[PDB]
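Okay, here we've got a single chain as structure tokens, the form deposited in one PDB entry, with questions on binding and movement later.
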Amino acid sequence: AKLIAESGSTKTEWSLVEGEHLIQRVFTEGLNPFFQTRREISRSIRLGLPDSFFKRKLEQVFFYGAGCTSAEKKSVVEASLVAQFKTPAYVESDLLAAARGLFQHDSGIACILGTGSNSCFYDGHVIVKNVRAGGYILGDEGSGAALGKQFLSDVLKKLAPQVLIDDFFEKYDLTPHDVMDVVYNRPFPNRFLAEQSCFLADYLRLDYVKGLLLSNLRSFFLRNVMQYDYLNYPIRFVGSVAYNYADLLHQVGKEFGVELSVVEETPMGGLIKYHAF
């Protein structure tokens, strides 16, 4: 048996598979070594997963997570996985999951639009070019975190519509002071900012929300997608933001003169197909 895990910072998708047949699917909280220590990751995995995962004999454990950028960061997750599963674990970027999941052994451009945002050029085996994500502060354009950051900024400065302001404070039972506390004082701020993508998904009628989405989606293209040879290679998307705003993403694509066809919610479906050889 093999285990494939895909994390994006908000949720971690676990797939216990046999060849190509899925045995069990479980979701835990997101795993990111920029926001979690080795102890916190180990706790998350053990609390999140049933005992059935830690009982079944595993040959390899394939992990793809956000934050797994450097060797030091990949060591944190790996040592945590090895501790729990007693199995050689291969920790890679969630961007490689997006690449393998969307293309298998084909060439093109794989992108992520979820909690964070990332992009790469895939030749069919390895990532040739990769514009750095930068995290929720120094990047992640067109991501849920970027949407929420822009939204909450407008909420605090009363530049968003009143209906949105009132509905936000009612739904989350917060005050401006509390919003300040969650972002700066409470952990996983990137989750809370990204969580606002789900909130604003119901207000697609408002001009503000359309303007918020488009401007962020365009910002992703201009800074990430534009850097690649995008006019000659297929561009495929993965992520919650991509999936929920598939119409607006396709619109932005057409603005930059590209035809976005494949928009998957999770790259996991293709990862099982990929890890079947």
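Positions refer to the first chain, counted from 1. For the two forms, the rigid core is made up of the largest set of C-alpha atoms that agree within 1.5 Å on superposition. First, how it differs from the form deposited in another entry.
Once the core is superposed between these two forms, every option in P88, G124, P187, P161 stays below 2 Å in C-alpha shift except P88. With the core held fixed, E72 shows a CA shift of 2 Å or greater between these two forms. A displacement of less than 2 angstroms separates the C-alpha positions of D247 between these two forms, with the rigid core held in common. Once the rigid core is used as the reference frame, the Cα position of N32 differs between these two forms by 2 Å or more.
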The other form holds:
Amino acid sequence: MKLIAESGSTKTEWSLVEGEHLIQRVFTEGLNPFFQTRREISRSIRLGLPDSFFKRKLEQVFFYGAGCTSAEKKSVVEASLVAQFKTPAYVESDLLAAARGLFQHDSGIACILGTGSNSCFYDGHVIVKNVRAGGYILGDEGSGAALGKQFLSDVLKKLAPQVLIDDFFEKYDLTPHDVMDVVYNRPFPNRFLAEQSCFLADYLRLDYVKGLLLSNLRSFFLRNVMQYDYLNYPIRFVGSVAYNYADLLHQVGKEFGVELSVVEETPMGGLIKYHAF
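How about the form deposited in another entry, since we already have the form deposited in one PDB entry?
Partners and other molecules have been left off, which leaves just the chain.
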């Protein structure tokens, strides 16, 4: 058996697999070596996974995660995995997870629309080019946080529909003042903004929300996708925003003259296939 894990801001997905056969899947909290020390990662692993995961003969562990983006950060995660499982562990970024999960050994443009957003050209083996996403303030166009940022900007200006404003304040138990406090003074403001992506998804019948999604999705295409040779290679998407707003994403694709026929919630299914070759 092998273990394949994919970690983002909201959770880690663990797949215990034999070849392409799923023995078990388990979710734990997100694990990010920029926010968590080696020991916290080890502890979160140790407390989150069932016993069967730790008693099982594993040939390798493939881990992909947000924040696994340098040699040093990959080491922290690797040390935890190696300590917890006593087996070869290979740590890569969430971006390479998207590329390999979406493309296998073919070439094309892989894009993530999740808490943040990301894109790359993948040559079937390595990432060859990677437009900088820029994070929740300076970029991450088309991401959950970008949506949340524009929505909350509109809430404070009273520009959004009253129904949405009232529902937002009630659901989150907030006032305008408390919004400022959360965004400017409390941990992980990006995650709170990105949570708005889930909130807004119930209100898609409103012109306001459709226009907000179209605007942010177009921005991702103009500022990220179209830096690549996007008319000459397949463009494939993964992530919670891409998945939940797949119809609007497809519409934006057609506006830019492309056919987006691959939109997946996560790269996990593709990663299981990839590590079976």
